[PDB]
Amino acid sequence: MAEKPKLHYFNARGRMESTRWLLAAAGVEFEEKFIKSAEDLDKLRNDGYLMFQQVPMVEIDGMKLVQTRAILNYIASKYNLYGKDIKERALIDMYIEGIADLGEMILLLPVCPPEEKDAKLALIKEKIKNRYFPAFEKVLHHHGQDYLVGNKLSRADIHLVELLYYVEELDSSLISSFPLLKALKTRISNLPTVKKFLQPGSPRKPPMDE
Amino acid sequence: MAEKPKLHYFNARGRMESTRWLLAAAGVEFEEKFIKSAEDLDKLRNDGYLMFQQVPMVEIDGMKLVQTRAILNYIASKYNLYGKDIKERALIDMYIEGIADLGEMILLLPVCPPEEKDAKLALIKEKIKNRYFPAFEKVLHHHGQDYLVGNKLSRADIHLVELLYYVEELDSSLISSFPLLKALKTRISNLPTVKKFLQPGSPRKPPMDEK
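First to last, the sequence lines map onto chains A and B.
Going letter by letter, the first sequence gives residues 222 to 431 in the working numbering.
Going letter by letter, the second sequence gives residues 2 to 212 in the working numbering.
Be aware that one or more of the hints could be misleading.
To be verified - Taking beta-carbon pairs under 7 angstroms as the criterion, some of the chain B residues facing chain A (in silico):
#1 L51
#2 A71
#3 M95
#4 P111
#5 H142
Since the hints were derived computationally from the structure, they do not count as laboratory data.
Note that CB positions come from ideal geometry on N, CA and C, so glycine has one too.
Can you make the complete structure from the sequences, with help from the hints?
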């Protein structure tokens, strides 16, 4: 009756990559079904597989889940990565929605024309240095613990470290004045499930033009 | 301590209105502290009240919560409006993230120039009639029950009916072919907590072209 979740998306990062990270960190093997044409997406739509006619969609535990946050919230709860109580979940949600805001800026960074790419990249770097990285460094500095919330691995650590890898692709110097973020990146990357995902041949997807 | 949540935002709907709806529907009295100037927002920032230097912020249960979804998820769980288990939450989350997508289109609808307002409104109406309203009408039709999930009031019913009022403001005819959505709107609007919120004098905020 099927055990591997099935990920319906493109052979690309896009809006599915944070789900790939979370499942891989939880040690969950999954299947991917790549959209490669208009007819592939039209088939999913006509078959009634997409509640709002869009992907990402994940087949898991008998459901056809769409909307990235619905998918991620279910996976996080199922694999005990969403905190131990609703107050831990509140901190996790606050942290990861800030991460989502920065991640969306990076996802939608224009490539063309060059003067627009340059202008938007400059603003993103300002926000990374002055808003987002200080906020997360401060959480880690305030409790001195190895993880963001509850002194235990959660999805917040996984989502943040994923973002740290994208920020490194934009500008490797941006993390340099944030030693607790660098230490978190190292600690999470050394977890055996995450280290496997970082190896060649994993489902981790490459950048578009980096 | 401080039994009433405190909502920090502008005296406007914006990104705080769905929290006002949810707290009011849950029967929870709250306080508001309105940002009326740049100085107000700067004071919140320099006092360390805003994790990412932005509002909405809600003071609740000893936390200074920012990010609308963090605020709403916590309130929904605290007041037992988030279903009974992980699978019900998956359905709720699916539904309300679709609601959030349509709500965002409406929130960001331009007013100017008129031909652009008209063009993007025409796109929103086509998605309401062809994508979003059919999807929620099918949910109610499939199980035949009074509420979206679990045969019991949840945040999904509250968030959907809120959005039904905004769609009504855009075009009162868009719901006409969706009888189950109309019946849900009437049912939720007649719940005593929601009916009270719909009265003049409640914390419900007006549309911007009126304030």
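Evaluation of the provided hints:
A distance limit of 7 angstroms between C-beta atoms decides the matter here; for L51/B the minimum to chain A is near 10 angstroms, and the interface restraint is violated. Contact between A71/B and chain A, as hinted, is supported at the beta carbon level, the nearest pair being about 4 angstroms apart and thus within 7 angstroms. Against a cut-off of 7 angstroms between C-beta atoms, the interface hint on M95/B holds, since the closest Cβ of chain A lies about 4 angstroms away. Given hint, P111/B at the interface with chain A, is violated; its Cβ is 19 angstroms from that chain's nearest Cβ, farther than 7 angstroms.
Annotation: interface hint on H142/B violated; nearest CB of chain A at approximately 13 angstroms, more than 7 angstroms.
Violation of the numbered hints given earlier is confined to hints 1, 4 and 5; the remaining hints are satisfied by the structure.
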